[PDB]
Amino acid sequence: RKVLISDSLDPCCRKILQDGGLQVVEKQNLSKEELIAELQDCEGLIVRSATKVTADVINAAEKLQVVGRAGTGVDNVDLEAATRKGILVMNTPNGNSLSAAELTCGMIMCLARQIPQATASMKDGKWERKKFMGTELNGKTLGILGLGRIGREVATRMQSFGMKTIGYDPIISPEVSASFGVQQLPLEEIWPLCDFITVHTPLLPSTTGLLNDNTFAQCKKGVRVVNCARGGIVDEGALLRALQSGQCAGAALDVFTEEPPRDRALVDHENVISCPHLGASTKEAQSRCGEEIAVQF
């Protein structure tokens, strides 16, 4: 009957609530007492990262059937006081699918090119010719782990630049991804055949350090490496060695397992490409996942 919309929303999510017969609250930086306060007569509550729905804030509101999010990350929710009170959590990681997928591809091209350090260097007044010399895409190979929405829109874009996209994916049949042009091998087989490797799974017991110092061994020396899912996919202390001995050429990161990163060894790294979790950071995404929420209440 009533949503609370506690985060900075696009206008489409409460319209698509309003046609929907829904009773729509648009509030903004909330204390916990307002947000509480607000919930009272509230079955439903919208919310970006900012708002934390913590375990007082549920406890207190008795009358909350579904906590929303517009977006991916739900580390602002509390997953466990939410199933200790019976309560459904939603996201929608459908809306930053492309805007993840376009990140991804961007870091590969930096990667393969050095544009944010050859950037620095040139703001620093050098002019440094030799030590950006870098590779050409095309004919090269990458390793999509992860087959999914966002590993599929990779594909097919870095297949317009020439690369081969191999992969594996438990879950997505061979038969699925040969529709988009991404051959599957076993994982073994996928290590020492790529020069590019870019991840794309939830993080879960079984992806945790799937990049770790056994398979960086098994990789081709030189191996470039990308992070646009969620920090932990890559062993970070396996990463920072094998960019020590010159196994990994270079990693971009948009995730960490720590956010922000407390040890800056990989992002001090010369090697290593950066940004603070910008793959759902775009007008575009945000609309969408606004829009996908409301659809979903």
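Rigid core (definition): largest C-alpha set, two forms, superposition within 1.5 Å. Positions refer to the first chain, counted from 1. What changes on going to the form deposited in another entry:
- Considering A61, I233, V272, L239, one residue stands apart with a C-alpha shift of at least 2 Å between the two forms following superposition on the core, and it is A61.
- The two forms, fitted on the rigid core, differ between the two forms by less than 2 Å at the CA of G250.
- In the core-superposed comparison between the two forms, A285 has its Cα shifted by less than 2 Å.
- Core-superposed comparison between the two forms: the Cα of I87 travels 2 Å or more.
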Contents of the next structure:
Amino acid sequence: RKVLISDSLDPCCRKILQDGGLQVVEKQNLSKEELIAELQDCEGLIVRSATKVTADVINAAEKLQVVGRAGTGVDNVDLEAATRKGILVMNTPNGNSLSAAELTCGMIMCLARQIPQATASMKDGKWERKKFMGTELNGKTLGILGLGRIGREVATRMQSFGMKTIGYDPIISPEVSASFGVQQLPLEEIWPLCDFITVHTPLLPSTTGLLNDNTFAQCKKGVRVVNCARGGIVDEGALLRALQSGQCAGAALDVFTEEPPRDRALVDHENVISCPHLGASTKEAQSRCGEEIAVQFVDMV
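Moving from the form deposited in one PDB entry, what structure would you give for the form deposited in another entry?
Lone chain follows.
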């Protein structure tokens, strides 16, 4: 059939599809009405995160058969509406892991030394040595919640800095985590030990507010936290209260409960470092995800 790529993807996605004999239309930044119009001659749609595959789009897209997302999860696809119609939804759980792990490590280093703030200071003409006294990562404890693809890659990188890496994952055995140097403990034992906490779980009811007022209360005063997973795993209201009291000394956020976020209190806080969901924003990750999704479209004979 014919596939529309409605967001900006690596050009290899397009190449692999055509090599498989498919018509492609590559057209970014479509309005809701433009998207529906294009799709009515299309059985495939491929998105990244910008296009919102809502029930209304799906319902109006009568010939649609498969929606592919070139990223993890299905955050911008109404999976329930797609399933109600006969529509397959596919994604790319492997292609961007390494890039996400690397950003998470960068964010830890940025929290330790306040590099983003120091650059902003310098650009205002300031030379603020005292303000930007930091902390050394060597000897500190990093808590890693979620020890799948990304969590284990964060662990081995941060171990090279001399960090003690502890963590928790309901599915990963202690024996598997020991093989990448992560000691598992129950959550209640993790909180008071950590200098830094990073989350690498899916977003589920059980992981929403994984860090919240109750768990911040149990942390070491001055804990630094990273969320490069999904918005909401760290409760944003709790995080702001923790930053306000000094219970959390800083946070680094790639992701938000709303993207772009309309509430600016966290982004605007002096001790918060942020990015516009750049975890998979590398040429390499994008090349890998574009291939991953294209191959899945070709493999359906």
